[PDB]
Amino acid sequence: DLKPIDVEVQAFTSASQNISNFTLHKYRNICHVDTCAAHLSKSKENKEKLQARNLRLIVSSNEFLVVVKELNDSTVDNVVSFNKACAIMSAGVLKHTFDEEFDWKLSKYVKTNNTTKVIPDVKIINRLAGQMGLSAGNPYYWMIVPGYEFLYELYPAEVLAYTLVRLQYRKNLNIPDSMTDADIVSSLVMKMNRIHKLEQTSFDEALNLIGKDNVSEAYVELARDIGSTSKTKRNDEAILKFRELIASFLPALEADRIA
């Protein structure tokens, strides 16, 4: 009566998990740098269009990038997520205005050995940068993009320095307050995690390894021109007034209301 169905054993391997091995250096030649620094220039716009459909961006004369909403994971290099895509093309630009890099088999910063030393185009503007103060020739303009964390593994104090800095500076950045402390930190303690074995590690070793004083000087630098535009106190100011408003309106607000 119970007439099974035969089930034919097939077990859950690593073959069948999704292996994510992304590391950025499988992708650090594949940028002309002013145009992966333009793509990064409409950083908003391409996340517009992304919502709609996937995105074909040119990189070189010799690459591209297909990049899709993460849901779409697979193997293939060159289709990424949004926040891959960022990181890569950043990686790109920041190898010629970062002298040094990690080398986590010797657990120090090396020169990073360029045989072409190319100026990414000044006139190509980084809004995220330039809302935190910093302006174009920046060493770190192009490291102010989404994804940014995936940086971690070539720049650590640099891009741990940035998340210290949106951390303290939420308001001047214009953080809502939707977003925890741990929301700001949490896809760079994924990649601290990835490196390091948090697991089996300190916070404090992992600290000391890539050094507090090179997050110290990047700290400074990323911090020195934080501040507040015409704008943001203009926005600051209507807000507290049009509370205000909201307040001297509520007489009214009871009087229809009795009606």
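In this text, rigid core is short for the largest set of C-alphas that superpose within 1.5 Å between two forms. Positions refer to the first chain, counted from 1. Compared with the form deposited in another entry:
- When the rigid core is held fixed, the Cα atom of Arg243 travels 2 angstroms or more between these two forms.
- Core-superposed comparison between these two forms: the CA of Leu71 exceeds or equals a 2 Å shift.
- After superposing the rigid core, the Cα of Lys197 is displaced by less than 2 Å between these two forms.
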The other form holds:
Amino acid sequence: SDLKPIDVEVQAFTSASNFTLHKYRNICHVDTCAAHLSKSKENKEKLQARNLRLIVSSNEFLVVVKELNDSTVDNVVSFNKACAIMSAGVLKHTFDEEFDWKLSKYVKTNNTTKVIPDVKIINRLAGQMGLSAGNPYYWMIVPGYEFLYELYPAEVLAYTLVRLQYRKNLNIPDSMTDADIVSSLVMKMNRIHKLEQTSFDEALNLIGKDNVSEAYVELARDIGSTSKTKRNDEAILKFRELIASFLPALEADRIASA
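Can you swap the form deposited in one PDB entry for the form deposited in another entry?
So it's only the chain below, everything else dropped.
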């Protein structure tokens, strides 16, 4: 009754992800990419309606498409992949070490033309953590950061630990479970390390357990430095305190009314 169907095609699912950040390492203009990352919230909402074309250097661009699980075309990417590509462009000039997976260690990033991202460009996700502009981690705090695990595994894992521990400081909704917070990263770890055969401790030793620690304390140092939940909670305690101070003058006013 009063329903228009659509005629679904008879197509069977028959049998038959090469994404690597190393194909986009020298395609980014730093201040262009940082500006796009500074508007990630507005960009994700624009994506919900139409797909987006983002210029990331005066000769290169990306096509951000929703629900894109595969593409032979390199610069057609999902939102998380696009932010990760653009973040890596900035982190090549802020982080001095990157991970070589066949050498199983951190090797120095050789950046001949090393530049400083414009301090004026603000990352509001990073401010929520208490990080200030100029911090080398500043532009790692982006949507889709988990893809950066390919280059910065200790740093990306550390940011994930901070999101797990301080979900309330970062205004993560209590709706989300701890599994959803870490799921994306575990998927990237499982691909790199083969977690079906490997141990987690084997991965935490392959990357620097102390490296994770140093990155963790860098990203965690200034959490709770200024908190609107603690700022509001002191006001309520100070307000209810002043209400109590005002009671004898309120009853003096009502005994005067009678």
